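Below you'll find only one chain, the form deposited in one PDB entry, shown as structure tokens.
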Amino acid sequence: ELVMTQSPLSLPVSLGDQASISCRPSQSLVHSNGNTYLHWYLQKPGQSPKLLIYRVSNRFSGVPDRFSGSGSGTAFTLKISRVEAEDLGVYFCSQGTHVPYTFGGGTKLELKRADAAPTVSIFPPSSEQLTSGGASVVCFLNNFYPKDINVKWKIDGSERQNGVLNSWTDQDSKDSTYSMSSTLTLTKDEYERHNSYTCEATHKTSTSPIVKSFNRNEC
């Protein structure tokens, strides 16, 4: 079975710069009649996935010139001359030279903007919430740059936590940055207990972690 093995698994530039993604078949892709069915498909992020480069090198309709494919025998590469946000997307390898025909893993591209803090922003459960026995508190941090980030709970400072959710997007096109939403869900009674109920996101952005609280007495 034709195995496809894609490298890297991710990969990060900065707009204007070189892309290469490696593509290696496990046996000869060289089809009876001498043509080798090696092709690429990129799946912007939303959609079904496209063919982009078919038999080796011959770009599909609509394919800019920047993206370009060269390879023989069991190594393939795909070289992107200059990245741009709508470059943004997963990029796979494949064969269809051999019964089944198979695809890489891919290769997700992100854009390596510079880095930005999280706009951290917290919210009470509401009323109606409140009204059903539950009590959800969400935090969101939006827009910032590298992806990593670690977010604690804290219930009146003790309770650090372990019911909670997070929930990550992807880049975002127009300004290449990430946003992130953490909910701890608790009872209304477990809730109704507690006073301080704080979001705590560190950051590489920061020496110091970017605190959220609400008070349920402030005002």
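Positions refer to the first chain, counted from 1. Compared with the form deposited in another entry:
Comparing the rigid parts between these two forms, the hinge falls at 110 out of the candidates 155, 110, 75, 175.
With the form deposited in one PDB entry done, generate the form deposited in another entry in the same format.
Below you will find a single chain and nothing else.
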């Protein structure tokens, strides 16, 4: 089908700045009837999406005048003349010309701040948990910016990928930072086959990972 490539994935702004968001369908959206069914929406956390612009350039009732859309062919653009606090959230485009209708992957409009390295804390399994035969190793990576971050687990120096659960917070209202929790779960049996457990955080603020580790024998 028609793939809707939306850029950027993340758009940091200061309130008052202009913002521009791009949607490029993988083919023309002009319907046989002459209409171009390309639309823009904003979704706020835990709310449904809301329409902003319909058929390329038409501002929907109740939508602030600072929103506008334009474009043609395979290049369409949503412009916000001055970003206000009510505009933060996830933007996406949809096309309704070709079945199946498709959506862009989203653009997160968020607040720009100074880069901040994560505060990284690692914890071995609880005595309480090991008693039940389980073993979850937890790594918090707190108060970092930008949101983009990667966590790698190593067991005795070897990378491990399966059994990992990652969860991110939304941008902090006071800090404008992000945090993430990464949990490696193994059986108590497997946990006991190894000594060194390491979480490594790769983030813009370092050319080398922030590494936190422990050795099971000493915990």
